[PDB]
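Next up is one chain by itself, shown in structure tokens, the form deposited in one PDB entry.
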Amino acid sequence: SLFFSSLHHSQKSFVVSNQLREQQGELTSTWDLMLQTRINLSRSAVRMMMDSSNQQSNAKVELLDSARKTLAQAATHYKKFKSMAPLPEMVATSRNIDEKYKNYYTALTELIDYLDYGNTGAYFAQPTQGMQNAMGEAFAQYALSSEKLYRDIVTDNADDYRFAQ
């Protein structure tokens, strides 16, 4: 049977705590790629404001395509996050992330649609920054909750901890 290890006397504990870390990792990747999406969008939008004769304008479409690529990758990681069952103590903060993620994700997909035809006015009018900021704060909150829970688990024994259904 066990010890499995000093930190995880049963190997089930390691499965749980490792889940927890994997969920953080996939949410960190989501956030990273949403911010990369914002960067590619803004680099595209600014070039759509240029004169055609500026050679720097020529990348506007490649950059919007790169936004589409990073936003797809973000959503891939987010699905991986959601595929991993939360622990009960993480359900509330996970729902909070979900709310803010949906808002900011939707926002970014709308900006892609605006730039697709060079509609820079619709792009500027969106209050994107506030949605980004809300996601970032939700992310921070999730990370603090996760870390505190992780420390509770590894210092417990225990070796119960059961995934929420």
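Positions refer to the first chain, counted from 1. Shifts are known only where both forms have a C-alpha. Between two forms, the rigid core is defined as the largest C-alpha subset superposing within 1.5 Å. First, how it differs from the form deposited in another entry.
Core-superposed comparison between these two forms: among 57, 42, 120, 36, the single residue whose C-alpha moves by 2 Å or more is 57. Here residue 157 counts as shifted, since its C-alpha moves by at least 2 Å between these two forms after the core is aligned. In sequence order, 53-58, 157-160 are the runs of at least 3 consecutive residues whose Cα positions differ by 2 Å or more between these two forms once the rigid core is superposed.
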Second form
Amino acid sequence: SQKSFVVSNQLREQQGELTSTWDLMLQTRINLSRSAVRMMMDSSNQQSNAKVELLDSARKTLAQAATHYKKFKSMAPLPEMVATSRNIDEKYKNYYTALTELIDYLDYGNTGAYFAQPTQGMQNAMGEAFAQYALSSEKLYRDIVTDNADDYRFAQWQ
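Switching conditions: you have the form deposited in one PDB entry, so give me the form deposited in another entry.
Below you will find a single chain and nothing else.
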């Protein structure tokens, strides 16, 4: 099918990869918090072992998030999506770096530095960026498939 089908499909797949990225960043946050609460309990016998398996689960979900994000970046943007795509990038790198620092803080037993990070603010900023992306994508998508402004070229360095 059709070249507008390729373009419209691309927008849905880009959204799908960002959805997966965001989901897996949230799962990373959950896993890290589960690890932290284990480290705040009377140690060994209970946990001290669990805390490690949970931190490893956080590493895994975060690597999966980064994989989805790389797949996102592999799909050329529509020119009208470049600005919101860059805003996604800015917030993603900040939250991704925040979660990698959390992993590190817990890996060395540093719950104080874990609690000290303003993680929630960075999560919220990503969430809001992801929402603005989805608004812009959906409105372009409508234009494309009702011919109201296909575009209909990918960004490219011609």
